[PDB]
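Novice: What follows is each chain in one-letter form.
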Amino acid sequence: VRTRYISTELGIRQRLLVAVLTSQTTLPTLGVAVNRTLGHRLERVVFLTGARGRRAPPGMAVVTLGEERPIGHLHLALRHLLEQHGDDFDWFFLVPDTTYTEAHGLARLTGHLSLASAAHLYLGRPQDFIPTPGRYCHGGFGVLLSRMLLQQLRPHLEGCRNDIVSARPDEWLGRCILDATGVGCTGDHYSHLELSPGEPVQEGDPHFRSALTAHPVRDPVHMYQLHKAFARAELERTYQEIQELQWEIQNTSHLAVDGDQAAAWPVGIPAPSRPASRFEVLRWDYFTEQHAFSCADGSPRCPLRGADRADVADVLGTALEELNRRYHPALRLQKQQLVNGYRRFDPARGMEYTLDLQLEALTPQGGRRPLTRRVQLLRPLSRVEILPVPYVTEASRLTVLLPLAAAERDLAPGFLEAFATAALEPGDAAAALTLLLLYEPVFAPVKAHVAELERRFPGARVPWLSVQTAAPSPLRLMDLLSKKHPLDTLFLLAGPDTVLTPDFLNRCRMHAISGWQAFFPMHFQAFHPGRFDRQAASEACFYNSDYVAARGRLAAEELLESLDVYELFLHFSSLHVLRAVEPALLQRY
Amino acid sequence: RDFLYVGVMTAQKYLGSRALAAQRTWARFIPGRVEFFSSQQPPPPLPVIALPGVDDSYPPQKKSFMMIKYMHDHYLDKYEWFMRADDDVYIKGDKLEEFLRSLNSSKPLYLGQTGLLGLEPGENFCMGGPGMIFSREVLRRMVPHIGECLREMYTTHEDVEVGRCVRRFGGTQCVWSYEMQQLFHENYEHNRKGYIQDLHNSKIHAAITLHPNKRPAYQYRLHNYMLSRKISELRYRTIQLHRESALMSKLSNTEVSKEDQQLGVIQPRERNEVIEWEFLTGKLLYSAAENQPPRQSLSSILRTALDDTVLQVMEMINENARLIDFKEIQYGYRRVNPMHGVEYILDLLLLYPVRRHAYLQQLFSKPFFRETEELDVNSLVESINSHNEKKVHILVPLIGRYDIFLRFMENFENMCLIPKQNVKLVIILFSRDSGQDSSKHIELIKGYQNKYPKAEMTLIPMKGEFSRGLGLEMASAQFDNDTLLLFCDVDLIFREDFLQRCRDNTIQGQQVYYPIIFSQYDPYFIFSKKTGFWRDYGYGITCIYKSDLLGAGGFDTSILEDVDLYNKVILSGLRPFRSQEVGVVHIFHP
Ligand SMILES: O=c1ccn([C@@H]2O[C@H](COP(=O)(O)OP(=O)(O)O)[C@@H](O)[C@H]2O)c(=O)[nH]1
Ligand SMILES: *[C@@H]1O[C@H](CO)[C@@H](O)[C@H](O)[C@H]1NC(C)=O
Ligand SMILES: *[C@@H]1O[C@H](CO)[C@@H](O)[C@H](O)[C@H]1NC(C)=O
Ligand SMILES: *[C@@H]1O[C@H](CO)[C@@H](O)[C@H](O)[C@H]1NC(C)=O
Ligand SMILES: [Mn+2]
Ligand SMILES: [Mn+2]
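Residue numbers (the working numbering), protein chains in the order written: chain S, 1 to 589; chain G, 1 to 590.
Extracted from the complex, chain S is given alone in its bound form:
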């Protein structure tokens, strides 16, 4: 018999389960703080509370126990941990809400014991009893029980509950463990951190480097600060590990096939891509501190705007900080000027820089001397993350619109033919066209074409309305169309010069998320009776509800008259405004 997974064959259980003990009052604040500081770094977290006062917080495995007395609460928590879960985990961590958990340190600890050796373990901070020389673990510092210990403890829970008269619950647990199995609290190492009352969290303290619990925590803010400090400590540890790995790669590089490729700065990051042909070379984008000379507009130079300027300033600051750190304390650098600035994006490596800085050197005595240095910065590409996105179905009811003006009657048949070949000819009635007539203060061919389409495709139906009002302002017409339409239809605002294709229809259907995103493509402009125009909105793919919300935000007349629908969604909307190129949309004039 053969299995698809090792877990079934070898009986592999999950590593660790954390059982946070809380109460009715301490759940919505301290339990939530514990969840936000621990649950996203672990696998399974179970919250045990005596009673459920309010509704269970979302994403919180809250379990109602029944009693608030600490001894009975612990007894019922152990009963639940044995009945449910139970023989599914190798280690159980019982920790009160008032104790921060390091998560990473706890996982490292649990991975640092073997099943064969620590079969029956009672882990925690030892504490003296109050004749037996055994010691029990302090409740506030977390207790890491073993599965076998819990199984042997099961038939003694009620016996321990009904005989001894201890006050503290952790002392009761220690007494029960001692009287049932005989093993006390083992100190190993369990790196515990104790906090004096009313203490300020001092980041960078040595005790933050090696500690898996912190007791006592009385407010969620204190827990949050402790978690931030421990995150800083773990970050420093990770930086040290990265340095060690880089050193090992540098040591073993020159014996490998890659050689210089393996030992290419920075050590560990993928080597720069080697172009195969002339066209595949990567061009450095020159920029000064004021203007960028590689403009997507087309101009030879253009002042740095937004993202580019912010990136340049950040890179200059990083370079100055790194130089000051490297030359400290012998030399401190001064006001920095960017003589030459280069930047290219290497898809397999990351964004690269090559700066030529005109720095100034200040000796501690006070000497002044200008200095010119060249530095290189690389932003490595990290792992790929799949962003969550609302589910969108391929088959969506789409309503393509057309504000057919007076002068576009000649070109209207081309749009009608394109729409027919794109949606009406396929059997599925996935699209419907509701064109508008701008009867400015005589369109028989358009109605005849619509009737011909209706007769040729009996299922297809195309309506039309006669806007007598002038002022064809995109917003105005869009409000009228939105008013005379349902609030959940998918809107495809297509200009007269749009040649629809089934591929573009599918892309609009599956990239216009209701209430999450609006799709604004850019067509393929061509010269002479090509280019991707970036200043033309024209085609728009959004939803009626989103447009109504944007119009309400606008309301809360000059903007209504001189605002584009794309500009409206840009300003008065918090929706993704994806502006991508469409090769399937060809335009010409």
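The hints are simulated quantities; they were obtained by calculation from the structure and are not laboratory data.
Errors might be hidden in some of the hints.
Unchecked claim - Coverage of chain G stretches by chain S, computed from C-beta distances (three or more under 8 angstroms per stretch; other residues unrestricted):
id, stretch
1, 176-182
2, 197-206
3, 263-276
4, 290-300
5, 307-318
6, 532-542
7, 577-590
We put the beta carbon where it would ideally sit given N, CA and C, even for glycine.
Starting from the known structure of chain S, fit chain G with the ligands onto it as the hints suggest.
Specialist: Just chain G with the ligands now, with coordinates in the frame of chain S:
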């Protein structure tokens, strides 16, 4: 560090070839002690154990038995797991440590890939290639009968015999699970050569032990790749820690630090601020930037990056296992934020034949830093308390054009000679019809020569028809291979900024400067749409070292020549530095 003890078997001919590599490759990451075993000899590069009565004879039969006997007799109670492995195997210490820690060492476990002689069907043996791991109990129950197993030898395969010994004494067979074929990879169905070549396979990433690795250099390459993967994982961990710190400071009603907000990122309003996306089909790319051409073919760099991204997506999608398979990309989108990361929208065609979107994101980790030329800090401070750069040789091929010549040299003298810039000017003049403008050019050159007697101005009387390549080649041939040569043009005007950029951007043996010359439109340094445009297709101007030019093979002198030199430079391994050049503008000419 008493968890895992792996004893790797070697041979006298493999001590300095595979044993040393394995000691410097994965013995430094095994959570425990790694000991090398060889045959008895009548200064080895490695500390090795010579098992008595053992000879280097393939297959390594009874050598594994002796090494297991040594394992039990020396470190039975000092370790929980014992691994028998060949020298041509790669073992990942951390993954194996977690996988073994998820197991009970006190139960008899005989791990390894299933092997499918004298096998009555129903039993099996762990294959000796990927690596077979025993437990303490298996050792304790088997090793008293190793001699008995050796005296009942049936087959000529060592791993079959070891599995038979385990089954006869140890109460265990090899693991039957199909997951072993992935964890302990054999890498023999493909890659027949015998050394890992394709490193970007999901099988390589998901495996624990990789075999075979006969070539030591490829073993080092695989080790470097694995360490690079570990570094990338650690960088992602740093990004996650920064995100957590930023969120945690937000919760505590405290201002986030600068290092935690840029890396802790989870409407643009203005029209020219939204970053446009690019269409990515299976083998074509469409862009909206003026610099990029629409419908450009998908570059090999872009193809490799997309393949790696799709591989990562498949790895992080099949983590919930059914087995998802990737076929092709119907279309895609890409938006490169310079300071944050890269956003993808891939419409994959996955197989469980169902399409699935993926709004990917590839953030940037903490930027790295390096100074190109480190300086002596100690020697600098004493100097502070208390033009002589690299000479640029200007080569100017010529034919006629008296007025442009005079304008060029007026600019050259005004910008170099009076400032005494460290340059050498070489005038390559083609004496068309053997005279005519040559005499006046010589007179002007001589007058400018004695006007500035410290200047370096030389004219070479070329003959024959017009040829940029031939004149440039013979002008260069008189200079040594450590000289900086500039392939300047007569109808050009430049300042010292261009000279400094040429000096810095040209690395002897590594980099070639290939500026994008600004060509003035038909009616100065003011850059405007009407004034001129960037000549992307112009590779005429070059700042290249003589040795680099010789290595590129020089000009063909048969025909466009600049494009051929660019291609030869690319093929030679040099790095072409293509970028804008704001220090020199090409004056218009009919
Ligand atoms: O004459 C020999 C050949 C090989 N070996 C060792 O025996 C093991 C089996 O060799 P290898 O892994 O190359 O065989 P493969 O697994 O490729 O069949 C390795 O540790 C070799 O170093 C040996 O001791 N003597
Ligand atoms: C608890 O944590 C989980 C994941 O760690 C999260 O999804 C959930 O929103 C959290 N609940 C609260 C109330 O913070
Ligand atoms: C490991 O196995 C031994 C014997 O099979 C057993 O006594 C021991 O309890 C097991 N360890 C655990 C953690 O169950
Ligand atoms: C000059 O250096 C180049 C570098 O590749 C070499 O090819 C060439 O032979 C050298 N010439 C002399 C004369 O040393
Ligand atoms: Mn082998
Ligand atoms: Mn010219």
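Novice: Taking 8 angstroms as the C-beta cutoff, is the stated coverage of the stretch 263-276 of chain G by chain S satisfied by three or more residues?
Specialist: Holds: 10 residues of the stretch 263-276 of chain G have a Cβ under 8 angstroms from chain S.
Novice: With a C-beta cutoff of 8 angstroms, work out whether three or more residues of the stretch 577-590 of chain G approach chain S closely enough for the coverage to hold.
Specialist: Our answer is that it holds, as 6 residues pass the Cβ test (under 8 angstroms) against chain S, meeting three.
Novice: Does the stretch 176-182 of chain G contain three or more residues whose Cβ lies closer than 8 angstroms to a Cβ of chain S?
Specialist: holds (count 5)
Novice: Given as covered by chain S, does the stretch 197-206 of chain G meet the bar of three residues or more with CB within less than 8 angstroms?
Specialist: violated (count 0)
Novice: Examine the stretch 290-300 of chain G: at least three residues should have C-beta closer than 8 angstroms to a C-beta of chain S.
Specialist: holds (count 8)
Novice: Establish whether the coverage given for the stretch 307-318 of chain G by chain S is satisfied; the threshold is a Cβ-Cβ distance below 8 angstroms, and no fewer than three residues must meet it.
Specialist: Coverage by chain S holds here, the residue count being 6 at a Cβ distance below 8 angstroms.
Novice: Check, residue by residue, whether the stretch 532-542 of chain G contains three or more positions whose beta-carbon lies closer than 8 angstroms to a beta-carbon of chain S, and give the verdict.
Specialist: holds (count 3)
Violated hint for the displayed structure: number 2, the only one.
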